[PDB]
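Visitor: One letter stands for each residue in the lines below.
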Amino acid sequence: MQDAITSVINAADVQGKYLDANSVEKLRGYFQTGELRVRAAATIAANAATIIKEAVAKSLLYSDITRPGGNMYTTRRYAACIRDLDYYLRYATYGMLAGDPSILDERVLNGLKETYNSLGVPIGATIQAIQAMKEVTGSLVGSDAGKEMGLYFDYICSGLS
Amino acid sequence: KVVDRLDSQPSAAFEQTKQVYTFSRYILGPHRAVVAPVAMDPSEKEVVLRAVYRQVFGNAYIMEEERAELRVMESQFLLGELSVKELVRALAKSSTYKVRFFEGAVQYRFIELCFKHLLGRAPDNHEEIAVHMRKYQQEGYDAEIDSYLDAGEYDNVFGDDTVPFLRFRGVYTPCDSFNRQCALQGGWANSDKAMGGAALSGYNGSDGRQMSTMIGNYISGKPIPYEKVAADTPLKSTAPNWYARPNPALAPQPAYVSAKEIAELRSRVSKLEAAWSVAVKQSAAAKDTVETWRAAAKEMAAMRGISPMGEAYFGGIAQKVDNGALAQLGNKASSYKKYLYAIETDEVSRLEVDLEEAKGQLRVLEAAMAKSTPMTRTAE
Amino acid sequence: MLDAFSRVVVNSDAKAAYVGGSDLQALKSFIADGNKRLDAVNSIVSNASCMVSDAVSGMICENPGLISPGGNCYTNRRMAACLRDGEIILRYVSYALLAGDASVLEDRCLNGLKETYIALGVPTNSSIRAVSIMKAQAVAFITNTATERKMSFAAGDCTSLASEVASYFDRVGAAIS
Amino acid sequence: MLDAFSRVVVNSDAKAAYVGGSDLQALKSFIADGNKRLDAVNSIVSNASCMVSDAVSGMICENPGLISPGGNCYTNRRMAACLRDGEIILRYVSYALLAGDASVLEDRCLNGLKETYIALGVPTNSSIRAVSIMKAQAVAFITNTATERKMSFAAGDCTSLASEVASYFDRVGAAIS
Amino acid sequence: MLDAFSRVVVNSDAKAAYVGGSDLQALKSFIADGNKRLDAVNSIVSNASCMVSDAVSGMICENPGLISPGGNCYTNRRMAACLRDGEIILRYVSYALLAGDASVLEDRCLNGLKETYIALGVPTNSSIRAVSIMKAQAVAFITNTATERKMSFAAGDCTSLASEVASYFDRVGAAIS
Amino acid sequence: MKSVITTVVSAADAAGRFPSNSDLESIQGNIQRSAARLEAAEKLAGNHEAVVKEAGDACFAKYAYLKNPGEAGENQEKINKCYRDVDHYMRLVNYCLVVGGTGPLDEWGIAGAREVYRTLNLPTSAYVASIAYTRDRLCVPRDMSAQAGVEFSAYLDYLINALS
Amino acid sequence: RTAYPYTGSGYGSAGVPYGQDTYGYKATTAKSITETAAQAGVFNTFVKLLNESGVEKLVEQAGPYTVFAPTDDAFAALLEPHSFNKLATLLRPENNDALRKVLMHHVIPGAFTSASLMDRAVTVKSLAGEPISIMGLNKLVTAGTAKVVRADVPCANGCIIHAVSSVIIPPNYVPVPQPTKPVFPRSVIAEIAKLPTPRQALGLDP
Ligand SMILES: *C(=C)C1=C(C)[C@@H](Cc2[nH]c(/C=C3N=C(/C=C4\NC(=O)[C@H](C)[C@H]4CC)C(C)=C\3CCC(=O)O)c(CCC(=O)O)c2C)NC1=O
Ligand SMILES: *[C@@H](C)[C@H]1/C(=C/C2=NC(=C\c3[nH]c(C[C@H]4NC(=O)C(C=C)=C4C)c(C)c3CCC(=O)O)/C(CCC(=O)O)=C2C)NC(=O)[C@@H]1C
Ligand SMILES: *[C@@H](C)[C@H]1/C(=C/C2=NC(=C\c3[nH]c(C[C@H]4NC(=O)C(C=C)=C4C)c(C)c3CCC(=O)O)/C(CCC(=O)O)=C2C)NC(=O)[C@@H]1C
Ligand SMILES: *[C@@H](C)[C@H]1/C(=C/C2=NC(=C\c3[nH]c(C[C@H]4NC(=O)C(C=C)=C4C)c(C)c3CCC(=O)O)/C(CCC(=O)O)=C2C)NC(=O)[C@@H]1C
Ligand SMILES: *[C@H](C)[C@H]1/C(=C/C2=NC(=C\c3[nH]c(C[C@H]4NC(=O)C(C=C)=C4C)c(C)c3CCC(=O)O)/C(CCC(=O)O)=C2C)NC(=O)[C@@H]1C
Ligand SMILES: *[C@H](C)[C@H]1/C(=C/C2=NC(=C\c3[nH]c(C[C@H]4NC(=O)C(C=C)=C4C)c(C)c3CCC(=O)O)/C(CCC(=O)O)=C2C)NC(=O)[C@@H]1C
Ligand SMILES: *[C@H](C)[C@H]1/C(=C/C2=NC(=C\c3[nH]c(C[C@H]4NC(=O)C(C=C)=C4C)c(C)c3CCC(=O)O)/C(CCC(=O)O)=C2C)NC(=O)[C@@H]1C
Ligand SMILES: *[C@H](C)[C@H]1/C(=C/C2=NC(=C\c3[nH]c(C[C@H]4NC(=O)C(C=C)=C4C)c(C)c3CCC(=O)O)/C(CCC(=O)O)=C2C)NC(=O)[C@@H]1C
Ligand SMILES: C=CC1=C(C)[C@@H](Cc2[nH]c(/C=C3N=C(/C=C4\NC(=O)[C@H](C)[C@H]4CC)C(C)=C\3CCC(=O)O)c(CCC(=O)O)c2C)NC1=O
Ligand SMILES: C=CC1=C(C)[C@@H](Cc2[nH]c(/C=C3N=C(/C=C4\NC(=O)[C@H](C)[C@H]4CC)C(C)=C\3CCC(=O)O)c(CCC(=O)O)c2C)NC1=O
Ligand SMILES: C=CC1=C(C)[C@@H](Cc2[nH]c(/C=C3N=C(/C=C4\NC(=O)[C@H](C)[C@H]4CC)C(C)=C\3CCC(=O)O)c(CCC(=O)O)c2C)NC1=O
Ligand SMILES: C=CC1=C(C)[C@@H](Cc2[nH]c(/C=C3N=C(/C=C4\NC(=O)[C@H](C)[C@H]4CC)C(C)=C\3CCC(=O)O)c(CCC(=O)O)c2C)NC1=O
Ligand SMILES: C=CC1=C(C)[C@@H](Cc2[nH]c(/C=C3N=C(/C=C4\NC(=O)[C@H](C)[C@H]4CC)C(C)=C\3CCC(=O)O)c(CCC(=O)O)c2C)NC1=O
Ligand SMILES: CCC1=C(C)/C(=C/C2=NC(=C\c3[nH]c(/C=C4\NC(=O)[C@H](C)[C@H]4CC)c(C)c3CCC(=O)O)/C(CCC(=O)O)=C2C)NC1=O
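Which chain is which? The protein sequence lines are oH, bA, NA, JA, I5, MA and 4H, in order. If you're matching positions, the first sequence starts at 1 in the deposited numbering and goes up one per residue. If you're matching positions, the second sequence starts at 30 in the deposited numbering and goes up one per residue. If you're matching positions, the third sequence starts at 1 in the deposited numbering and goes up one per residue. If you're matching positions, the fourth sequence starts at 1 in the deposited numbering and goes up one per residue. If you're matching positions, the fifth sequence starts at 1 in the deposited numbering and goes up one per residue. If you're matching positions, the sixth sequence starts at 1 in the deposited numbering and goes up one per residue. If you're matching positions, the seventh sequence starts at 40 in the deposited numbering and goes up one per residue.
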């Protein structure tokens, strides 16, 4: 994993240079918005249970998926349903804090499209469930805090399709 | 009863636009009705004159050296005794029109251009084409322009003050004739000098043949291929810019196809549309788990009513019953929102969407396989 | 056709969503830089009459058979039409820079352009270069580095608008390629 | 459309040459024999009403299956519609004989006549007997070698003009095949 | 195009700097006359959009049964496609002049061309003409003895390069004959 | 759609002119009026489910004949497809406020609605008694700003004018 | 009776083995970028340039790339009068650094598939350092001036390959000039004869 601070240290170190003016400007961009992410990161951790409960019921609850013969039918399949959505919500909160989506490519999108295709999980429905989870999570942290939040929800859906 | 009158009839006295134009592709693009008002400023006599030279010449480009023959009939319009239907009669009878679209054109191509320019209507059936040939051979070019305009069709559609436009009529009298219109107005960036080969057949752009393709579709009643309606078309100039889940756009014909990947695609559409026939039948009765208990759960909940909202004490504590129409049924906001997510959640709609993504890919992979002997191949 | 504001409406419609918290923030930075966009469109419509002769005549000097007899820009009417289609392309790229979205390029500028060039006989290799020279001119006028004309702007960078207009001059340079 | 004089114009321009003393010797003999062309073409128009009934009724007695039920001139509609095209073939070689060139012939008469006859299903060998029976009468009028009707002229060689229109009916047969 | 010669990789982290163990002895010895060779190729690619346009127009006036109705170049789909084949035939020949072997010409253009024309009914005896017209333009443009365009080359001699491209053109005119 | 930008590029392209000076001037008014109507679109995005619920049962309290057998509210499936339609009209008004003009309500919400409500026998007074309720619930300094409440209640009255 | 069954054994299953073959974590059958291109037989010129220029060292790394390799007909289409003026000097055996900057422009970091680019305009930075535009509208995917013909070819380390019809030139690319001979000042007095003096700088002299 590399955050916004480490990503600028990387760009400088590959040239052997100290931190110049263009580098110190990117560092102030992170520090100035830093205590806003720490406030949004605690607000989502407190509403994690309801962000998923309202996203599921609104998106895929009375759908054919929960009826006999579909995916998420058995209780284990339902429990693996809502266990996956909390994985995305918990990792998108790690990315908004670090300001760099590098943690999502190593520990979330690490070949997740092949796993969902083999098992038979509907990729079209999981992308719309994450999207439904973006409209309820955005009404909590506001627009300015939701900008960096929704930036990573679309990263998971784009890296999943 | 959806529509009440077609566009081939005159407008009724209680409407601004016609009814069939209100939900057509007329509202979505540039093919609309430009009307000249009662008293015209000289700046907004250009807005009517640029629209005439768009339509009646079919996106041909009149240079100013050759717009000089039109200043006599331009000024007769700018004065105001030539209406728009009389300006286009003299413009069709001009010399710059007969050089472009008559003096090198086969007689099929000249009639289908006059159907595109004077009317907003590709030629409908064959005996209509035949009777319009059978005036020019007997009466010459002069009276034949009075065939298109001095009938009931021009007065009912354009009147005398609207510039002609490509009509998106709604109701098409053959349904093939919608395809002819899309094959004739084929592109915003196109023009009949290109589509008729009238620049490449001649010398330095002059002396061109205005030869027609799709002649045999007039005589033998045969449909237009779907590529000529979806890739270079008025439907791309009037594109609704929707989200469409079967996206109608024609993908580019790929280089490097192989007969292996066509056979897997051809097989999997037979797996999908056989599954669709056995899933559509399965649905409409036993699809719903909570449906057989609905009459038993509807007879259990029909007592304990609180008219002045705020009853159901359940002890001495208070409960806040609301008497809305939705919440009386026990429903939430997610009860009406589930109808929006039935595209990646329904099993009958997932099959049909996945079927027509595949016949989209199959219609362009098969047609690229119509190429031959010196073809270099690949390893996927 | 669409602009930058309606393009995010039809992508939110594809998810049945309201244009909400994190979806509006990118549009509030489209109007926060909305004056640099108006300052950048004005650079191109100012020098537009000399943008299409710096480019068309710069194509003749590289492929000199275009004016040789039998060539595509040989007579006066064929040369007049090439300058007439040269500025009609720059006219639609200016609408795409103004609207912030390339819908007008797809819906009505390029709707049949590759088909109509083969039907006429326009050489498509040279007509890339007439569009490719205009790309070099337009990023010089937006970053204010034209070597024979300077215009007066406020201080700041327009690096992002110079790359976006570079994206429209090669969507045209690839949809007839 | 063109004529015999404009034929050497588009050819000399294609290699960018002045029309000079070499290529004018054929045109100078073309204008000098052009008086005999003027009282050549006048033979055709004076008989062209009578010529088609002399030449399409030879088509229906050389192949009398066409007047049968199911034959392709059975109806009262189709017997007129063959007489409708019995003379338009002659009308566009009268244009080509008076012009000395067939650029107006194969741009309004044979510009998709083969595909029209296939899509209609007009029997394409009787059609060649609707041209060659005109040919045996058209040069019979040009060379003044008609048996029944005679016309007044002045003597001299007329055979290259009978041959130039014998080239203008072989263009008909070699196209609609 | 960019495989026609050799290059020297001189930086570490490349594996061709060290572990190549091999030099292109036939492509390093081929830059011996490479400067003269690149001027012969540049002589053709600067003239290419007129060479194909002259040669296809040079045979229509030499066999006027092609743009006759029913002839193989009458319709618009076929006139453009014959123009495309000359642009491809000439382009492969230039590659062979650049790389100095007929390998890319015999594999990428001639391998499977004779069968294709007689599968499409393409008249080949007029198709070998347009190559033999394009062969004469290539030997004028390389020896700089063309009439109405000259260029500024270094003073020297470009024979043994004009006979080498004389071999690549009747290699085309024999593989399809 | 119908925006500020699309009207000044389609009137220009009809004429054949570059973006002129009166064109860039009208797009400056898109910058001033922006933050008023981007403030009412965000108030609608985060509070719509409480608006649609309250606007929906105003339709059935006013007309209770709809819940009879025979009418357009006879079961739970048609009632859910009623509150769904209010949430469609409320979502298009949010799309109109973001675009700038009446683009989305014309092509997606009006163009044909006079026909599909006649054949399916949906009463249209029941549609407008839900939209007029929300226009009259707008307490203009509490819900949003005073200039946002103008931009919000403009498309609300545009819709009632189109259905009535 | 269904359409999309679920994999698994035991009770509450459908009859389909886990992962469709009892293989939950399947092994990689795809091969590297450099050898999946050499196998197709149409990226012949492209892969040969990667080996001669040295760019092959980073095309094999594990980093998720999105290559836009040009077909052999694309490299043969550089014989155009215009594009030849820009790249004809890359044939010289000493201009290898210029070839590396023209090749590395086609290696995009990230895995952009043809379906994710549907109706989306994306701008990224190549491995050369310059910004590149990728936008698929109306199912017409074009990378700069490429207009991809063959959409997707999956490769070893989760990388993607697309086939383009042209060669993409970097934005701020200046063609290296032809080799020239050094020129020296013939006379030194003529050097002084072109330098203005202080009198001429003040206007007191001609
Ligand atoms: C019609 C029957 C007819 C023609 C059309 C015309 C075509 C033609 N041209 C040649 C010979 C050459 N053509 C050349 C081409 C060009 N010269 C130029 O400067 C420009 C760039 C280009 C044309 C735009 C050249 C260089 C030659 C060689 C002769 C010379 O020195 O110019 C032929 C064949 C003659 C031969 O191959 O020897 C033809 C058919 N000529 C026609 O007769
Ligand atoms: C990048 C292309 C340029 C550059 C651009 C900047 N322009 C800035 C401000 C600016 N420009 C205008 C005029 C513009 N607005 C309009 O409404 C109209 C016409 C109707 C036009 C032409 C205005 C009004 C402004 C605002 C400042 C002012 O003049 O009062 C600007 C400042 C940043 C910002 O305002 O956000 C920049 C950087 N400057 C450059 O360095 C390059 C060359
Ligand atoms: C072979 C086809 C013919 C034949 C041809 C000859 N015609 C000769 C002369 C000729 N014809 C006309 C009339 C013509 N010119 C016109 O302007 C008009 C109409 C307005 C017509 C019909 C004229 C005027 C002449 C010139 C003689 C004269 O009348 O003064 C001719 C003489 C040779 C020559 O002119 O060089 C020949 C051989 N003659 C035949 O016997 C067969 C039928
Ligand atoms: C409840 C307060 C309403 C009411 C609503 C009903 N609507 C029914 C069907 C229906 N409605 C629409 C229009 C709607 N769909 C859209 O996509 C948009 C805008 C984006 C709108 C405004 C359509 C197209 C349809 C037909 C398809 C469908 O089922 O959605 C409906 C069912 C009637 C039936 O099945 O016969 C009801 C009950 N009914 C009321 O009483 C008030 C007016
Ligand atoms: C309804 C049961 C279908 C469906 C229909 C749609 N049709 C759309 C446009 C359209 N429909 C027709 C068919 C009809 N019109 C005729 O004139 C004739 C014959 C004379 C027939 C059978 C035509 C020809 C057209 C195109 C003409 C036009 O748009 O003016 C349409 C709109 C598509 C759009 O706006 O892009 C729809 C939705 N769609 C369905 O899902 C069911 C299966
Ligand atoms: C110039 C940079 C080119 C070139 C251009 C020629 N174009 C000729 C005709 C022509 N061009 C267009 C394109 C244009 N019209 C549009 O509506 C749009 C998109 C909105 C575009 C880009 C059209 C439609 C036509 C046909 C004109 C007509 O039908 O009258 C042309 C020949 C004109 C003639 O033959 O009279 C030329 C020479 N040629 C070149 O060599 C450079 C590369
Ligand atoms: C032109 C001077 C000829 C002539 C040419 C035609 N060729 C036609 C189609 C065609 N030609 C080729 C070969 C060409 N394509 C290549 O990729 C390569 C090199 C690798 C070469 C030499 C192919 C493969 C095709 C079919 C593909 C296509 O048509 O796009 C053609 C059209 C045939 C038709 O429409 O029936 C013509 C007219 N024909 C002539 O009359 C002159 C002599
Ligand atoms: C052949 C058809 C000509 C001709 C050619 C000669 N060129 C000679 C030298 C030369 N040519 C170039 C340009 C060439 N080199 C490149 O690297 C590129 C593209 C990037 C091109 C087009 C250069 C740079 C040079 C070197 C300058 C010099 O050495 O003077 C040359 C003399 C050297 C040699 O023979 O190898 C000749 C003879 N000369 C002719 O007479 C015909 C017309
Ligand atoms: C063979 C003939 C020939 C030409 C005509 C020019 C044409 C030309 N100009 C530029 C490059 C440019 N061209 C212009 C155009 C103009 N500058 C202005 O200020 C005017 C408004 C307008 C002239 C009417 C501009 C602004 C640039 C960018 C650099 C600059 O001039 O400051 C380029 C791209 C860079 C390059 O390849 O060199 C070309 C090909 N070059 C040629 O080789
Ligand atoms: C399907 C509808 C249909 C018809 C209506 C008829 C009409 C008809 N009659 C004739 C043809 C003829 N018709 C007559 C008729 C007459 N001459 C006279 O002296 C009388 C006045 C008159 C009838 C009593 C003669 C003499 C001919 C021969 C002329 C010729 O063939 O050149 C022809 C030309 C072809 C042919 O000869 O067979 C046709 C189409 N035939 C049809 O197939
Ligand atoms: C501009 C060029 C031009 C022409 C050359 C003619 C030729 C021509 N004839 C017909 C149409 C026809 N052409 C014939 C002709 C014949 N049947 C035979 O047995 C003979 C071989 C031959 C005449 C002797 C017949 C019989 C019809 C009518 C077909 C029918 O009515 O079913 C058509 C189709 C149009 C239509 O049917 O209205 C055309 C183009 N007309 C033109 O406009
Ligand atoms: C089945 C019925 C049937 C016929 C009607 C004739 C029709 C006919 N006439 C001619 C042959 C001819 N036909 C004409 C035409 C005419 N002659 C004139 O004087 C008039 C101006 C015009 C009739 C109105 C001419 C001028 C000749 C040349 C012989 C001559 O008359 O000098 C020919 C070709 C050569 C020949 O046979 O001589 C034919 C087929 N033959 C038949 O088998
Ligand atoms: C999209 C825009 C938007 C709105 C307009 C409101 C609409 C609205 N207002 C209220 C709720 C309220 N609205 C008012 C306001 C008023 N009551 C009066 O008697 C005065 C006339 C008026 C002041 C202007 C009051 C006092 C309440 C609380 C009591 C009540 O619900 O009636 C509620 C109930 C939930 C809540 O408290 O918010 C809703 C949905 N909400 C929105 O999301
Ligand atoms: C930390 C990153 C990470 C992710 C994302 C992850 C996913 C993952 N999802 C799984 C299953 C599953 N995933 C779902 C998911 C869904 N059902 C639906 O209807 C929706 C479309 C979708 C989301 C709600 C279901 C139903 C299963 C059970 C499949 C089975 O038991 O056979 C499994 C198999 C293991 C198990 O049975 O629990 C893994 C490993 N693992 C990880 O390590």
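Keep in mind the hints are simulated off the structure, nothing from the lab. Watch out, some of these pointers could steer you wrong.
[Stated by the list, open to error] Here are some of the chain JA residues that sit facing chain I5, going by a computed Cβ distance under 10 Å:
#: 1; residue: 9
#: 2; residue: 11
#: 3; residue: 15
#: 4; residue: 16
#: 5; residue: 18
#: 6; residue: 84
#: 7; residue: 85
#: 8; residue: 111
#: 9; residue: 157
#: 10; residue: 159
#: 11; residue: 171
#: 12; residue: 174
#: 13; residue: 175
All C-beta atoms in this analysis are idealised placements derived from N, C-alpha and C, irrespective of residue type, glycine included.
Visitor: Now tell me if each hint is right for this structure.
Guide: Against the structure, the hints come out as follows:
1. Taking 10 Å as the C-beta cut-off, the interface hint given for residue 9 (chain JA) is violated, the closest approach to chain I5 being about 13 Å.
2. Taken as an interface hint, residue 11 (chain JA) checks out: its beta carbon lies about 6 Å from the nearest beta carbon of chain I5, inside 10 Å.
3. Among the interface hints, the one on residue 15 (chain JA) holds; its C-beta lies about 8 Å from the nearest C-beta in chain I5, closer than the 10 Å criterion.
4. A least Cβ separation of about 7 Å between residue 16 (chain JA) and chain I5 falls short of the 10 Å threshold, and the interface hint therefore holds.
5. Using the Cβ-Cβ criterion of 10 Å, the hint placing residue 18 (chain JA) at the interface with chain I5 is not satisfied: the shortest such distance is roughly 13 Å.
6. Checking residue 84 (chain JA) against chain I5 by beta carbon gives a least distance of about 20 Å; that is not within 10 Å, so the hint is violated.
7. Proximity of residue 85 (chain JA) to chain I5 is violated relative to the hint, the smallest CB-CB distance being about 16 Å (cut-off 10 Å).
8. For residue 111 (chain JA), the suggested interface contact is upheld, since its CB lies about 6 Å from the closest CB of chain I5, less than 10 Å.
9. Here the hint on residue 157 (chain JA) is broken, as its CB sits about 26 Å from the closest CB of chain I5, past 10 Å.
10. For residue 159 (chain JA), the interface hint is violated, since its Cβ never comes within 10 Å of a Cβ in chain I5; the closest pair sits about 23 Å apart.
11. The beta carbon of residue 171 (chain JA) comes within 7 Å of a beta carbon in chain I5, closer than 10 Å, and the hint placing it at the interface holds.
12. Interface hint status for residue 174 (chain JA): upheld, as the beta-carbon distance to the closest one in chain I5 is roughly 7 Å, under 10 Å.
13. Checking residue 175 (chain JA) against chain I5 by beta carbon gives a least distance of about 4 Å; that is within 10 Å, so the hint holds.
Hint compliance for this structure: hints 1, 5, 6, 7, 9 and 10 are not met, and every other hint is.
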